[PDB]
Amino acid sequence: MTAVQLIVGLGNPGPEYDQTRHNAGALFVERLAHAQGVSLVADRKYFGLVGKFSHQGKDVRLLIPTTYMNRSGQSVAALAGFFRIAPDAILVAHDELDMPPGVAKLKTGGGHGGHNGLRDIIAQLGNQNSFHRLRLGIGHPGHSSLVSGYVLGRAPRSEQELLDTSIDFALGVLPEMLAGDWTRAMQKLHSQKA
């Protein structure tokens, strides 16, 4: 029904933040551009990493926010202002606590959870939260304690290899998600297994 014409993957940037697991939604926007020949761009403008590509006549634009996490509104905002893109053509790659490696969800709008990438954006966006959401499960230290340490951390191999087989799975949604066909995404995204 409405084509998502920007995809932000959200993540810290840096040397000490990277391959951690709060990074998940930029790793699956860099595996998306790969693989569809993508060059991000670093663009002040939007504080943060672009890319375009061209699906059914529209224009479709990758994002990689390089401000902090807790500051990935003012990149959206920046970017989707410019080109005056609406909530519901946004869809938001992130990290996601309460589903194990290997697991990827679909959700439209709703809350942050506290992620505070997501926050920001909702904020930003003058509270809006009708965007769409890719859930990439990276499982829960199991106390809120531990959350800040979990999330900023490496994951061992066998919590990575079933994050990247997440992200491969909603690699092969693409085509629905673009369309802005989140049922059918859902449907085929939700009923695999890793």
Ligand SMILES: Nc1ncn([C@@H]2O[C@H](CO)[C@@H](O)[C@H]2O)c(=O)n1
The other form holds:
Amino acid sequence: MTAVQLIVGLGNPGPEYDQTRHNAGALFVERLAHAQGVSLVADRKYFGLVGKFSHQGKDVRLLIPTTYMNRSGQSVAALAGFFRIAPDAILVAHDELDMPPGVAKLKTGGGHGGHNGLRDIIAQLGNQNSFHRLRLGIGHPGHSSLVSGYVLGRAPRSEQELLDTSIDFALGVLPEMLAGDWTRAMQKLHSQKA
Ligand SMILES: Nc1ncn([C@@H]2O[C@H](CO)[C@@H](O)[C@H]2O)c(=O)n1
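Here we have the form deposited without this ligand; I need the corresponding form solved in complex with this ligand.
Starting with the chain above, the whole complex follows.
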């Protein structure tokens, strides 16, 4: 029903955070941009890297915020506000503790689950949580005390590859996602196995 006009990939900026688990969303958008031949331009006005492509006669934008994760909403609100994009036309890709590496799922709305990127977006969008999420499994360390070090760590080879695989799976349902056919996207996606 509602075409996606903005795809956001969450991550922390800088060499220290590059390739860490918490940057799974940004990796997805990087991959997507490369596959679609889209340049990601550093644009201070949107506090991030912004790309654009055309699909079915509409501009679709790609955003990787270059705020810290906990201020990602500032970036999403700037770009969405400027182009008058409603939450229902936004997809946010992010790392998900509650699914293992190799699993990707889609979800509309819900809470943030302790993810400070998602939390700031919900807050900045005038407390609207009804955007869509691409949830990219990164596994869970096994206790709450270990979570912060875990998401800011670099995963071993095996887990990284599994993430790459889930990103591949998600890119396979891009047509459905872009069209806003979440029902069909979920059917195709939630039946894949790494
Ligand atoms: N439950 C939970 N707790 C924390 N975090 C992230 O860990 C990072 C480093 O502390 C923070 O930026 C949270 O987004 C998270 O993603 N989920």
